[PDB]
Each structure stands twice: as structure tokens, then as C-alpha cells.
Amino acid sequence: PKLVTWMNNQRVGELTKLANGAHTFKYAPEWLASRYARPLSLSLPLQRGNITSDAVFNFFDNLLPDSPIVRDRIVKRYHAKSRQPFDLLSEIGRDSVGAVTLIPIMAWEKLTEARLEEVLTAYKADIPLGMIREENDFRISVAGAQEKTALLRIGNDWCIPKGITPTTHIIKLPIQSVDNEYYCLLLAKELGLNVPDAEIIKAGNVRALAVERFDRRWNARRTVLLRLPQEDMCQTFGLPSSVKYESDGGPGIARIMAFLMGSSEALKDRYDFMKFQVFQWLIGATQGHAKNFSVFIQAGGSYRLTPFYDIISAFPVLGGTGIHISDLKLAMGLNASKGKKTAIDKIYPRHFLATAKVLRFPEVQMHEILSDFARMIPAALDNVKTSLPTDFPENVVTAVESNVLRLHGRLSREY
């Protein structure tokens, strides 16, 4: 009937499902009066009274797994009153991306290599977000379409968080996606890009990716784990996940760049975002849509770009299923002499430079980005390969660097 919204230990407001089925949200007067109050989302600014725009249904919907099938698994796992966000969130809304806790502070259970394996293989039996039946106080929610789960790592042990206690890592299971991402992250970091740290975890015959969450922070002394307010671009624009791709009406480079002008770290964020476009291009990332970029909602409502994530290269999947390099399109196109430029195989430095111009992004900075990749790519690819476990799949490594070096050549001939 009514879900109270908290952020760590403070009450923010309440989400209610009215008689006509619409989702409404009201901020708590106390929260509004609080010291450094901030909105749940930039599409739901602080105000008194019921908010009833579609920006509310969409905001929370965006906290839920994208797949309609996973939602199916959830509705049956907890007998949800319906498939609507409110009802699914009533069941799994205690722990979600950012700092939003919905319920109608430190407790957990350590996992044995036997139970851990279970969790990590629960989906096999239509279990949503690895929330095995054995437990009933493990309610989490993560977006994205890739099969995953979330856990708490206290020390060197993996644990199932209880009540409203938070998780610290997103875990991705095998739907060769695990090795791929791991590789792109290490490559992203080697080039000085802001990305989370990940580590491959092995429980029996299972290989999963444990990514450190940047929406969670321990206090200095490591005694209290806090959640950090954060939202993806769809939420920030009040849009439904269904339109996350620019081709479906979602935001492109221009809109995000304009948006970033309001960042408390505008110049740097605008710089890092363009630098990331060049990166996605180099490694053949085709899924850089709107839910794959987020911002921190800081004290007072100010915002800032979070570290990049969900990095996967399409290169390793080429050939095997008929997918040709000619079919790889960036999710967000660049400026072209006429219209846009989306084919990765046809994109060159001139496209980034032209895009930068129409977006009032210093041209001296675009060149810097281009030249820095030019000289750094070879060594970066080298250094990474040597940090790979001997048991890492070689085809993945070959396809990635063979295809990168190919694209990279377009930069070295110029700079």
C-alpha cells in the first residue's frame, strides 16, 4: 500500500500506488527542511506535496532489472501483487543502485564455498538476482539485462546482507562475457580512465565477475557501510528504460554534454565523457546507451559524473555468429559531414573533432585525447596482457588487441 523511502538513516519520503494505479511520491517535510537535502532524482526536484508525473513511475521502474523475464522470475519468487514496479519493489526494494531504500543497520550471514556456489547458480532454477529460496531476508535489485546478483564482502568473506544492510559488489554470471569485461576494465584503468575495480571469483565450477560498487562507501574506520545517491541518465531525464538507446528516443552525446554543463565538475566531466567515447570506439563497445552513464547526486542537489562501467567489447563476438565488424555501431553517434557517423569500422579522428566543435568542447582538448591514445595504446595493451591470469581465454585477448591496434592505427598515422 505504501513504501517509505530512506537514504541510509534518514527518511526521504514515501512512494504510494493510488486507486487509479498511478505512482505518486511525496517528500517528507523533515527531509525538505533537513541540512543538505537533495532530490531522489534530478527529474523529481524537492517540493512539497504529491508528485504525479510519469517521472515517478519511470524513476523507480529504472531501479528494476530490465528483462521482462527476470521480472517474471521475481513475481513468482515473492508472489508480487503484480508486475508493476511498486509491487516488485515492495519485495526487493531494500537494496538498489544508489542510496534508495524502500520498505513498507549492520547484519548478515557468511557464505560457505557451497552456499556461495548456490547463489551464483540460482538463476539455473529461474531464481531472480540469485535470491535463493533458502533465504527470505535477501532483497536486492540491480538494473541491466545481464544476469547478475549483489553481495556484501566483509574482509575476505562473501556474505548475504540482512535487512537494510547494503551490498558492496555487483556480480555478473555467465549468461564469454566474464573474461571480456574483466579485460576491458583493466584496459580502461591502464589508460587512466575512471572505472571500478573488478576481480574474477571462482566458486567450484563457476566464473563470475565481482565489480566493486562506487555507490557504496565505508567510513574511514571501516565500521559503517553507507550508500551514495546516484542515478543513470534515463532517470535523470525522466525517461523510461525502454528508450535508453538514442535510436529509440534516448539521449545522445549532445544532450549529455549539455547536461554536464551543470555538473559541479563540468569541465572535467565533459572532458572524461568525450575521452570515453573515443575509448568505446577503440574497443568496439556498442552498448554505451543512457543507463550506462550515471551521476552522483551530492549535498544540495549538485551532481557529478560517476566512474564508467558495463564495458564490453563486441570484437570477441565477431565471426562466430555471422556478426561482421561492419555491423558494429556506437550507441551514440558522432557528427558526420551529413547526419551522423555510427559505424565503428568507418569512424576516424575527424568525426570526434567535428562533434567537439558543434558542442563547444575545446578543440585543443580533443586533440590531446586523440594523441594520448595514439601513443599510449600499444604499451597499455602490453601491460594488461601481462597482468592476465594464465588461465584467461586467449581468443578474447587476440580479437581485442588485433582489432584495437587496427583502429589505433588511425590515430598513430595522425599523431
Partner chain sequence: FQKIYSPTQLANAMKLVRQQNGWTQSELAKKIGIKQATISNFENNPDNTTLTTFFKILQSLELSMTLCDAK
Given for the second form:
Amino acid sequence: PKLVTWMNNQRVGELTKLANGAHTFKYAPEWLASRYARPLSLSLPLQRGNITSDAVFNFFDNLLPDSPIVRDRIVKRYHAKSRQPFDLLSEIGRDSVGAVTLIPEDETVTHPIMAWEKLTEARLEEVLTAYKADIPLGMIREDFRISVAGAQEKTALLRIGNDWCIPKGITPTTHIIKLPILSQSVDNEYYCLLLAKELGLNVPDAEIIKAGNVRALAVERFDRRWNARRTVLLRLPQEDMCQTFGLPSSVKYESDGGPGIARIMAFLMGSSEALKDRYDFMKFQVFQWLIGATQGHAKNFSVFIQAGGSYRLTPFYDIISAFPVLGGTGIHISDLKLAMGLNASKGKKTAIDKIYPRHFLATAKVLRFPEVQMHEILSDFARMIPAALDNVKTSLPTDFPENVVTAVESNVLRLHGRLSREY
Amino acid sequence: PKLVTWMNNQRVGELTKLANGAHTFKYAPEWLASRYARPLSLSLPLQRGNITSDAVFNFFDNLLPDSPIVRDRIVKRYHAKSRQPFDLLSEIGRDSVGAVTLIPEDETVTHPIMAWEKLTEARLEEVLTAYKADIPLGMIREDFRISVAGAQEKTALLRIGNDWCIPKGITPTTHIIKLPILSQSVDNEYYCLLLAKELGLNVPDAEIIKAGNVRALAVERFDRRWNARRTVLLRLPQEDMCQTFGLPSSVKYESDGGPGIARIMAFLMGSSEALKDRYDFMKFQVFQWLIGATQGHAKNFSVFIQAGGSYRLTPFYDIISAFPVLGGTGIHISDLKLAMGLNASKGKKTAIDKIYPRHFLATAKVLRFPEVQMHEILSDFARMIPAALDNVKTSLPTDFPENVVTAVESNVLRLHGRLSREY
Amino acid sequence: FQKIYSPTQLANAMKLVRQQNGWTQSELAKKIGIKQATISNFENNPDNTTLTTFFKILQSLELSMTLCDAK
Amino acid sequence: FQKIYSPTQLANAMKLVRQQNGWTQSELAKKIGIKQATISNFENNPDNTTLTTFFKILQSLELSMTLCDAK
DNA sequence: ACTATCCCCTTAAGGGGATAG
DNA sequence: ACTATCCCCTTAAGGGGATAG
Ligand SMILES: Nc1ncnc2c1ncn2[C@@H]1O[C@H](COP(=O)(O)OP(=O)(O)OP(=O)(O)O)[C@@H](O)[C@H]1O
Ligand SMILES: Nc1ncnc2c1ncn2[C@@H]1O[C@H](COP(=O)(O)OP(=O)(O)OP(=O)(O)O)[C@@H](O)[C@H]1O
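Right, the form solved without its partner chain is done; let's see the coordinates for the form solved in complex with its partner chain.
Complete assembly follows, chain above in first position.
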């Protein structure tokens, strides 16, 4: 059965799975002329025919959870004909990231435009522990077709006024809720997100919800936005750097085949805010360094797909500190590596601990990124880390678990030392 | 004294002649931002400073008559400080071709916007014979500051209703009047212009005026055009292929240094009607062949300078048949050469008589001009020459001198033979 | 209309247009004197492509080009 | 705005703009990682000039580009 | 029928590095 | 102070000519 692709109620095209299991996609002659017209993916540009490239499959496979065990977790409840992308997509295909919406052709069913069943203080706790049993994406055995990409345990939800309401119909969620993996990962992030903001980085706000014997992180979605009259909840098109180059989740890490500093930076010259984005992607590199984050795999960077085929970086998201993991085990700062390597002389340095300011300016020297600009990113960190830290510390809830802050705040300063010692 | 440059009442800038006799030009910060803004010459692009290149001088020198004897003819009446471009330009600088208007800075003098003193049946004859004495451009000793480029004897005039009125003030003329050099050159052209039209070529209409013991050709100007309310007579900006590349009248002929088929054709790829103009410039080449015209020197092709710096070919103009010149003297079709050479194998054929269709397709082969298009220009001439000829013949006035037609019509057919014999 | 900021954005844009008017790389090429390979090249690797090639192709499509502010 | 139909029309256009904002070939070049010679080249021989160079320069001027009909 | 490649050849862009005017 | 050239090096556009899918 065909599968149609709409965006904020606008038929963009429709996905097709042939007999020989070949996934194809074709635009809608109509949408290829719409005011809103823009490619579903920079990797599937508007054209008249049927696209038949892996790029088609890759884009849609990257819409489902990264783990082969979670896939099977989904085929549980909903009797999907397989763990095959198309099938699941046909099942839990309504609230994917960005704004793509997959509805079977043979099924108009104008599902709930803006519906939601308010959760009970228990119900909330229920879904927030569906990972304890065998219920993926917190989709308990009680009208839920939401989708999120990634590897950890999560589930997105709606949030109207002061209630965590379960999305009903094709109603978009507003918050991507996360659960405890690394112990208090809910905390590691909530901290990492505050600090990032405090340093002038583009990151979404994040609030942590408590449900008895469980802690869950609730992040606000930068791919959602109320409309003019606070009537419709619109979904902003977007994609992760994997979809862009049309690669499979498989190559997320630069150490598999995924993209890294260069490719990416090159791609940004084509942004509508190129010179600026181009700059922020770098600043961030150096921040991922300081807090030693280690998930900088393509699938963690997103560009907004605007009309006419434009695009710009989306705020940075999902940042977790790989620091609380030192000491207790053999694991030490010398073992920590940066998802994307910066250049060096011996090849390309990729170890946080062995890394020094000089290494960034080397990279910022090849890629042609204004040396004078890199100097400024180093100088600004060299003198705001301290203040950034404290003005944050004095915010964490009086119950925020303490080593997390210490463990994260202390190594960070060590690393920063190299900076001040120069800038 | 400075010299200002206005176009249809719009200060574009102002020409300056330093002490060391260096001719300079600078735009007006104001005009460099006007709705109408466009370069005075493709050879003097809008920029902030003072232009100091020969290109400045070349553009303005190409506004005055080509003959060093006529220059002196002008310094006669008006006590110009010299035959130096600037000076004359300061004197008879009001009605030049295109739409440039030069008025001394130190002299606003809102001269007659739309004035004209109707000429008497004699007065007309007067100016039409000013070349017999020592009065250039028919500017007799009675408020006249008109300018025309070229080498033969001419003078432009206004034409309101049924009267040949002498332009008064900066009032633009409407017709470029020509006098008898080649005897009845007034006729050679008037014929050549009719035939050109009849074959679907872009050429201005032309009427011949009679003044007793003198015959004068009156051509309509394609660089003039009434405005909305038939109130203002606007001047359309333009320039000849010499000004374009910023070369001196000296190199008008390809056999001096001037431009030829290629350069020109290349330049046309940048037209706003490139693919079309590019085609017509060729068709014409082949026509200049058939009627054996021999004045195809850069200074005979013009592009309109539109807003934002655009440009397109102006209708072809000034076409005289170098045929009536055979027989009587040693002069024979083998002596006749095409101002611009087309390519060949032995180098570049340039002799009408030795030239055959094959030669054009050779040239149309290097310049990459669609062979299929050249085939069509040859085929259309191969079957309209005859009809074109007759439908014309039956028009010439019952007093039109007969060998001109015969002499021109007969050789033409000979040449055409090669065509039909193939297309 | 749509503001383009890259050769790739450009190619896709012009490709669409050619596709839309049912034109072939071969057609346009013959009209403006460039190789049909040159057009195939332009639609997949527009990063390195002479400006001249750009406008000829641009002319064969009967389109123009203007410069506007990136808001 | 003005419709451009040639690399030369283009250069003059962008040259003007740089001149207008009091910018130097050297300034823009340093911001978008290309040689100031590359910019000098672009303003006198734009016929043969990579599209990429085109847009970088285009970005340093803070302008965009769109495609419209040649009426 | 239509587009993507290819061998092959010459002219050159553009980055290094850098000075003449 | 600012832009036009330059020696020098590598990668390549684009035209010829032309076929694999
Ligand atoms: N706040 C958000 N707003 C919009 N899209 C988001 C947001 N958070 C995550 N996403 C989207 O979801 C995808 C995965 O999210 P995220 O990186 O948070 O997952 P994880 O933390 O599940 O990932 P991993 O385990 O691989 O590190 C991204 O590709 C991104 O497009
Ligand atoms: N009908 C016209 N409309 C507009 N401009 C014209 C017209 N006739 C001539 N011109 C302009 O005047 C210039 C010379 O005119 P033309 O070629 O008729 O002179 P000539 O016949 O005096 O030339 P030559 O003696 O060199 O062959 C051209 O450069 C052109 O721009």
C-alpha cells in the first residue's frame, strides 16, 4: 500500500515500496509548485520523476530509532509486517522529527487535528517507565503513533498549560522527553544544557520532570512553533547531517564514514546564514572539547529546510558530559575522544586531553576559517567559563546531585586552564 | 570649465579636462543611485571615483565627426578653443547621438525644452547645401548645436507634422538627414534600406527629401521616442561597437584593429535578447554579402544601453550598396571586400566574389552558432530575394534613377544564385 | 522568488526548470553552443563551473538573474 | 531590481556594491577564506570564475541571488 | 531517447607566497 | 592604503569526439 507524505497538511508526495522491496519516492506535481515547495531532504531534490536512490531509503530509515532491538520493540504492539522501515513508518509514522507525516494512501482518516488526553500523575509515571518492561517510546497498551530518532531511551510529549498531555492523532508533541540511560543522565544533560546557554550557544531550554521512583528530562522542541492565532501547532522542516548527505545512521561517527568538521563546514557555506553558522559550528567544537562531550556524530546536527531549498543550522541539542565517567573505572580523560577530529600535524588529533588551543587554530587554518575569528572564540571562552559556571551552579535545584556538578565543573576548569594561560 | 552630462534631464555626471590636457569623467553620487542608473558606456562602468582611462576620451571623441577636416569646419563659426574633443563638445555638444547632453557647468541656462523654428522651402535648401561652402552639419550662420558621427555629409533635423523645423535649444532632432556624397548616394541607401526591410531586417524607415538642385535623404531615428503624453521627446541611450570596447574611431575597420564577427558575437551573449540578436547579427552578415555593402566597421552597429547596465542590438542602419561602382572604372566585384571577415580555411575569407555559402557555415561553425540556424538563414534568403526585390522595385518613385536599381538588383541576383543552387 | 545561496541550490533550481519545460540537456546545449556533457556536469558538480557557462545555460532556459538582499 | 545577463554585468554590479559599502577586496576575502587576488580577478575577468567563488564573494557582500524571468 | 562518462588536449582558476605602483 | 600582477603548483573546466545503460 502506498504511503503519502504531508507537511503541515500539505501533500509533498508519497513513498512507495515495490515488490522487490525497493523503496521509492516521488514528489506531487502539485507540491513541486507550491508556495512552500522545498525538498523533503537536501538529499532528495525536487524533480519530476520517481527517485530510486538509496538516498530515499536512508532518509526514511534515519526517521526510526537507531537500535535493532528497539525496532523489534515497536513491531511488538502494532502488528507491523516487519521491522522494515516502510512498515513501522506506516504504523508509528505520524509524529516524526522535523515535519514529515506518513499516512497510508488507502486511509484519509482526518485524525485528530489538535487532540490530547491529559495524563494522570500516575499515567505520567507509567509512560516514563515503559522501558522497564517491553514498551518502546513509552507507548503503553492504551492511540499513540509518535517517533523519535537516537539510541537512548526517550519519548516525546505535548504540553498545554500545566499538563503533560498525551498527543492524540497527528497532533505534534512539544517536548522530547528523555529517561535515565551513566546514571543520572537526565541530570548530566540538564546541566550541560544550562551551561551551554550561559556561554551564548544555541541550545533549547530543558526542564526535568520527577515521577516518584523515576526522573525524566523534558526538552523543548525547536522544530515546533505555534501559528499566528495560537490555534495550529506547526512543524518546521529539518533534517540531521546524515540525511543531508544521504548517508545511513551506520556512518554517524567520523570513524565509520560519517562527515566531520570539514565536509560539514563546507556545507555551511551554502547556508542562508553561512558566515554566522559557519562560526558557531566552530565555537561549539571548542565547547564540546571543554565539557568533553562525545556524541558529535552527524546525527546530532540539524539544518532547517526552508522554502526554495534554503537551510541554516538548528540550535545544538542533546549534549551530555562524558566526565562523570572518570575515576570509578579505568576510564580516564586520556580515553576520551572527540566525535569529529580537528586537524593536527601527526594527522588529525582526536583526544581531548592531548588537545591544546594550537590544535584548533591549525584546523581553523586549513578550513580557511578566519584565524582572527578562532582567536576570538578562544578568547571569549578564556574569560567567561568561570562566570558561566557559577551563574549556573547557583541555579541547579537544591536537590541536584552534586558530583555531577563537581565532576563536570572541575575537569572543565582544568581544560580551560590552557585557554586563560594564553588568551 | 567643467562640463556636465545629463540624460533626458538627469545629471549622470560631469566631464573634466585637467591642465595637462587629461580628459576625466566622474559619475554623480546621485545618479549612481537613480532608478534609471546605467553606465554612460559599457566602457565606463558605474564606480565611485574619477575615471582616468583613455576609455573616457575615446567615448567622447567618438561623439564628434570622424574627419579631421570637418572638425576644423566646426571650429569655424563657434570660436572653439581648439579642435580638441572637449572644446567642440562644449560648443556643439547639445544634440549628440544616443542621449548624452553636454552643458558647461558654469551655465545652467534651461535652454528651449521643446522649441523649433519652422524652415522655409528655401531655408531647407539652404542647410541642405551648407557642405558646398564651408558650413559643416548644415549649421548656417543663423541657435544650432547639433552633433552627428560618421564620415559622409549629414545633418539631423526635427520633424513636427508636415514641417522640417530646425531644432531649438536642447530639443532633440528626429531625423538624421543625409546629403549626396558615389553619386546619388541618397538613392543608393533609400533603396538599400527598403530592400533590407522587405527581407525582415531591423532597419529604420527612410524618406528622401527634394530641394531643387539638391537631393537629401531623411532617415527616422531609432534613438528617439515620444513620451507618454506626446509631450516630451525622449532620447534613448546607445553607443556604437567602438565605444563599447572603448576603442578609437581609428580602429573602426577590422583591418586596423577594430572588432569583427567573433568579438562582437561574443559580446552579444550578454544581451538581454542574446540568442535572438546573436542570430540577427549573422543574418545581416550574409545580407551585407548579397548587396555587397562595405561599411561594416564597428562604428556602424549599436546597442541600446538599458537600466542596470543591460543592452541589446539597435536596428541596423546606414547601408549603402558598393555595386553601382563596378564597370565604369577598373573596380570589380573581385575588389569588393566585407568590412568584417568570416572564417575560411586559408585563414579568413574577406572577398564577396570569392565567397560561397560554405564560408559562412565555416564561421558559423567556429563561433558555435547553431549550424541548423545558419542553414535557415541561407534557406530563407535562397527563397525570398526575388520576391523581396520585386515587391520593392514596384515601389521606388517613378523618378528613381534606374541603374542604381539595375546595377544593384542584377549583381545581387548573381550572388544569390549560389544560394538557390543549394538551398 | 527563492533566494539561492550556493551552486548546488542553483543547479537543482535550474534542473527543475529544464525538467519542467520538457527540455533536454542536448536541446539547450545546441542552442547556446556548449557541450551536452557540460550541462550534465553543471547539474551534478556546479561548484566548479565558469560563470559564462552559467549564463549561456541560463539564457537557453530563458531566465535572467538578479541580486537581492538575504533579508 | 536590475536583471543581469553576463559575468561582466555581474562584476560591475558587485564591484559597485563593495565600493558602496567602503569595503576592500582584502576585507571580504579574509572573512570568506579566499585570496584578495581572487577578488581582483573576479572583478576584471569574471568570465572564467568558479560558481563557489561566486557565492562566497556574494556572501561577504551580504547579498543573495534569485532567478527571475527576462520579461 | 536521454543523460552520465570517458580518453584526450589546452588553457586556467585559485591557493601559497609576495611585491610594483 | 589598496588593488593589480607575478612566479609556482595542482587540479580541472570544457571542447573534440563518442559510447555504456
Ligand atoms: N529539542 C529538539 N528539537 C527538535 N529536534 C530534536 C530535538 N531533540 C532531538 N531532536 C531530533 O531527534 C534526533 C535524535 O535526538 P537526540 O540527539 O536527542 O537523541 P539521543 O539523545 O536519542 O541520540 P544518541 O543516543 O544517538 O546520542 C536528532 O536527529 C534531531 O533531529
Ligand atoms: N537612424 C539612426 N538612429 C539612431 N542613431 C543613428 C542613426 N543613423 C545613424 N546613427 C548614429 O550615428 C553614427 C553614424 O551614422 P552613420 O553610420 O549613418 O554615418 P555615415 O553614414 O556618416 O558613416 P560612415 O561615413 O563612417 O560610413 C552611428 O555610430 C550611430 O550611433
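Residue numbers count along the first chain shown, from 1. Heads up, when I say rigid core I mean the largest set of C-alphas that superpose within 1.5 Å between the two forms.
Legend entry - Rigid-core-superposed Cα shift at residue 128 between the two forms, Å: Here the C-alpha difference is 1.0 Å.
Inset, instruction - Quote the shift of the Cα of residue 204 between the two forms to one decimal place in Å, the two forms being superposed on the rigid core. - result: Reported C-alpha shift between the two forms: 2.3 Å at residue 204.
Legend entry - Per-residue CA shift, residue 220 (Å; core superposed between the two forms): Its C-alpha moves by 4.1 Å once the cores are overlaid.
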